[PDB]
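Below you will find one chain, with nothing else, as structure tokens; this is the form solved without the ligand, and questions on how it binds or moves follow later.
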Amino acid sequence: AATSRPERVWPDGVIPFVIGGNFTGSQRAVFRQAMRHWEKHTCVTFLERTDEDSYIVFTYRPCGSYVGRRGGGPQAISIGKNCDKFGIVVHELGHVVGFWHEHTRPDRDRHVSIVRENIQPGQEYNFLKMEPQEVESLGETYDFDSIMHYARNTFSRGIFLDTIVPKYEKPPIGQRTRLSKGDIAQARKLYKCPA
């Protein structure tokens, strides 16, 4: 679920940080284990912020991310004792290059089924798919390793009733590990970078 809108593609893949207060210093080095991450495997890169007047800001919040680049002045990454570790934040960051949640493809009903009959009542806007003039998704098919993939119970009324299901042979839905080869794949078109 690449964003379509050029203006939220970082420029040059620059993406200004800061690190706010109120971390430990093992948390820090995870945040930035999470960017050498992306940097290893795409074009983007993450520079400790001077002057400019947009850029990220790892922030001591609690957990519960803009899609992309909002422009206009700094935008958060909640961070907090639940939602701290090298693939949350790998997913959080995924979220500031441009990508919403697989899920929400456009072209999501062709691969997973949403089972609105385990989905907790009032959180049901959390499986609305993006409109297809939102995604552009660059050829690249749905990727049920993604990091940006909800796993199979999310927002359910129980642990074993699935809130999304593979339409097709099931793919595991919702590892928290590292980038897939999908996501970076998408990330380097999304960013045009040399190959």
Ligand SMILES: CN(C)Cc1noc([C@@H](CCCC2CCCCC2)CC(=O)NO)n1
Second form
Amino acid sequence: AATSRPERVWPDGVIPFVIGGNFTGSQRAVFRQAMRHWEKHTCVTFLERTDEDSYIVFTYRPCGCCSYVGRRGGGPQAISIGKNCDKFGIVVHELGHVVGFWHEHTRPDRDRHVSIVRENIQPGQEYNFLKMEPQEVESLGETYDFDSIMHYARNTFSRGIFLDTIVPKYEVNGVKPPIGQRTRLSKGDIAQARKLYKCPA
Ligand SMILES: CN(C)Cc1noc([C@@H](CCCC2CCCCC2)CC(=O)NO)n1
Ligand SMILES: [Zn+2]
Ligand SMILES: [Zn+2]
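I have the form solved without the ligand already, so could you send the form deposited with the ligand bound?
After this comes the whole thing, all chains and molecules, with the earlier chain placed first.
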């Protein structure tokens, strides 16, 4: 679910950043690890912010919907890191939003690949499952990626332990594809980010 908006692509892949106060060193290390993970696999780079108008701020506060997708023009955009959303996988996901990805399960073609069970979503979190209108996404020829760090698990924001919010429609290698199990960028994430940022080979 790569943004179709050219103005939301960080120019030259440069993403200036500030880390707010109140984080432990341990938490700051996670941010660096997640940023490095993106840097190592794509041409995106994270720079300590000096005087740039647009930049990201890792902000110590309760977890909550909803993060800005891509570069917000003209002022900073906060990433909410709280006690329950400060692990590597979640930060890598949130940085995916920053670089310009919506959730994979909200791709315009998503009903070909999964079913959303809206009844099972926690009230106030349905924003995270709402299908993107087709003009808002340009997938760059890449197919629906069940392995994406931007794809939720079967029960992400579910109302109960044994209830699914997302159910894949079909089998891949004999089973329904595992979703939302990985905590690292997928092959598909990397390929697509490389096209989005026009990275050299
Ligand atoms: C308390 N809190 C942990 C609940 C929660 N459930 O989802 C989320 C965020 C995305 C989870 C990314 C995860 C990465 C690994 C693969 C599966 C998906 C909310 C969100 O979309 N933030 O941008 N918070
Ligand atoms: Zn998200
Ligand atoms: Zn994708």
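Numbering follows the first chain given and starts at 1. Throughout, rigid core stands for the largest set of C-alpha atoms superposing within 1.5 Å between the two forms.
(request) Quick one: lay the two forms over each other on the core and tell me which of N118, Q75, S78, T104 moves its CA by at least 2 angstroms between these two forms. (result) Looking at each option in turn, only one qualifies, and it is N118.
(request) Align on the rigid core first; then say whether the Cα of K40 has moved by at least 2 Å between these two forms. (result) Superposed on the core, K40 moves its C-alpha less than 2 Å between these two forms.
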